[PDB]
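Please arrange chain A with the ligands on chain B, whose structure you already have, making use of the hints.
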Amino acid sequence: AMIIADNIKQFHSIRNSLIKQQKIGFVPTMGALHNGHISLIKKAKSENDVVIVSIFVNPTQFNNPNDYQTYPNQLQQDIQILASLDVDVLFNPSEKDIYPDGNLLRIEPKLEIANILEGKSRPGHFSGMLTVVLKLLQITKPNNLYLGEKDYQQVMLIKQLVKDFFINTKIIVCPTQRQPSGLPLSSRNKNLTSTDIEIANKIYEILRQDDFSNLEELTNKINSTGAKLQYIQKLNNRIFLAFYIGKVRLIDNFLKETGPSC
Amino acid sequence: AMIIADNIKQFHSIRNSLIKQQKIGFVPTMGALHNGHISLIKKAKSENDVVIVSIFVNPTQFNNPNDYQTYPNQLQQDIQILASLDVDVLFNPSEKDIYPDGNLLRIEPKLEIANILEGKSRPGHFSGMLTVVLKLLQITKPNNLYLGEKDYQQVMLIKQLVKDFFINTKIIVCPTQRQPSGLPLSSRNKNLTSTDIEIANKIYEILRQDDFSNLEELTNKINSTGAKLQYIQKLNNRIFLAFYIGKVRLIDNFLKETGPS
Ligand SMILES: C[S@@+](CC[C@H](N)C(=O)[O-])C[C@H]1O[C@@H](n2cnc3c(N)ncnc32)[C@H](O)[C@@H]1O
Ligand SMILES: C[S@@+](CC[C@H](N)C(=O)[O-])C[C@H]1O[C@@H](n2cnc3c(N)ncnc32)[C@H](O)[C@@H]1O
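One line per chain: the protein sequences are B and A, in this order. Numbering follows PDB author numbering, in which position 245 of the first sequence is assigned residue number 244; successive positions increment by one, without gaps. Numbering follows PDB author numbering, in which position 12 of the second sequence is assigned residue number 11; successive positions increment by one, without gaps.
One chain only, chain B, in its complex shape:
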């Protein structure tokens, strides 16, 4: 029953066949679906008549080229997951569909929350992300856009994007889905080896015990587990941090009063 649109020409046909009384929900992903994505999709199934899910590994938001090649790819598994959830339309475009002449016109963020944290650590990422989200919103034209809380700056920037370019879409932010240890579900965690999981469980054991009053002391407790902390910083009752376990980069953010709570 689920419609799969491999290119933008077929999607335009599907999208143009919907009338203005149908509530349309849109969940953009880069595939490799986990319960974090599924929590977003179930939220959209309950508030909308039509749920569109996009799968597109956007090259322009990958500052690290090795990250782009080793990004998890499980398309057939994702289609099975999406069909199980009764998703109406899957939008799975190619690079030349979204960038017919390459990346010539780009959204550039010139504000503070784009210059710190993920933006400071990932140059060019937010520009690539914002450009493709605008393209996808211009394509899908949804009533409701669903975003995960795990990418907090991404949520804030897209909220600014929808406002500044007058897109008539409501943004629904969903809580981060976590393993019992507190580790946020993430597609890149597929690359984590056996001991790597044990290392990540050590860190969140620490994070759930710490009051985050001494961030330098906490940095040492984290690096002792074998991971390499990239940054950790408090920003408005909310702790942001990113670290490396092996060749896998992990990010997380959470309230200070709760920690990585379940």
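Treat the hints as calculated values from the structure; they're not laboratory data. The beta carbon of each residue, even a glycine, is placed where N, CA and C say it ideally should be. Incorrect hints may appear among the rest.
[As the list claims (entries may be wrong)] Pair ranges (Cβ atoms, derived):
1) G101(B) / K169(A): 20 to 28 Å
2) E46(A) / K8(B): 23 to 31 Å
3) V56(A) / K189(B): 51 to 59 Å
4) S223(B) / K8(A): 51 to 59 Å
5) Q21(B) / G245(A): 58 to 66 Å
6) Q232(A) / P99(B): 25 to 33 Å
[Unchecked claim] Derived DSBU-like pairs: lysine-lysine, alpha-carbon spacing no greater than 30 Å straight-line:
7) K158(A) / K8(B)
8) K95(B) / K119(A)
9) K140(A) / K169(B)
10) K8(B) / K158(B)
11) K95(B) / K162(A)
12) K162(B) / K19(B)
13) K169(A) / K8(B)
14) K140(A) / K22(B)
15) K149(B) / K201(B)
16) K162(A) / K140(B)
17) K8(B) / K162(A)
18) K42(A) / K162(A)
19) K19(B) / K140(B)
20) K109(A) / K95(B)
21) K19(A) / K19(B)
22) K109(B) / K119(A)
23) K109(B) / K109(A)
24) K169(A) / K158(B)
25) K19(A) / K8(B)
26) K169(A) / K95(B)
27) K233(B) / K255(B)
28) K158(A) / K95(B)
29) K140(B) / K158(A)
Below, chain A with the ligands without anything else, positioned relative to chain B:
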């Protein structure tokens, strides 16, 4: 009977009151309307059922602060002109309307034609222009966009903008209106003095007699009139040039075979 929407909310009211079965034509301007603008509006009137004209001196596309300060302002006469042209809606928004939180998210052109000619000579202008044009297209959502040929790179960049972000809008390119001497009509011409006008006529007296085989000799003939030639180049089949007379910046482009006819 012309509606003057000076804020976003007011425009969304009249904009949403229109049927899909009404062809909407959009002519974005920065005010100081001249016959170049009037020709674009007349073209839109003859091809659409609703013609929307915007007037908004976009600050983020001015790389020169004095240029932005001295930009001609004549809102009352522009209203009279648009009314006599039977323009359906006038969109005259404020800076806060278009940039509620400032100029935070900008379109950046990483493209070849955005680095030569007016792009090199006016840093940041194209990024400011494309940002406000995208905003204006999101607000008005027309079927037809009407642009003048005098801003050639601007036309090509707006075509790329409409294609890259999937805006279902047709772009209509209209010819450059010119003084009898050949001097193109420009809103900044209103800042020229009476001797500035005489210099500009001598420049286009020179341009009409040149075969453009020697751009350097042409540059000296243009500088000897008192003006200051900023650039002059051949791009494919056309001549592009910009120059200063006093504090007034003037640009033009035309086919090499024809000149400013
Ligand atoms: C794989 S992410 C990346 C999408 C990509 N930045 C793009 O071009 O749109 C897709 C969505 O899933 C959400 N997500 C990822 N992990 C999540 C989690 N553990 N819990 C809730 N949402 C999550 C993200 O917030 C994001 O909105
Ligand atoms: C006031 S100009 C500046 C518009 C500005 N770049 C913007 O949209 O924010 C508005 C329009 O008038 C057109 N125009 C200016 N001079 C013209 C002329 N001499 N003949 C025909 N069109 C002209 C330009 O092509 C432009 O599309």
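Hint check against the structure, violated hint numbers in rising order: Hints that this structure does not satisfy do not exist here, as all of them hold.
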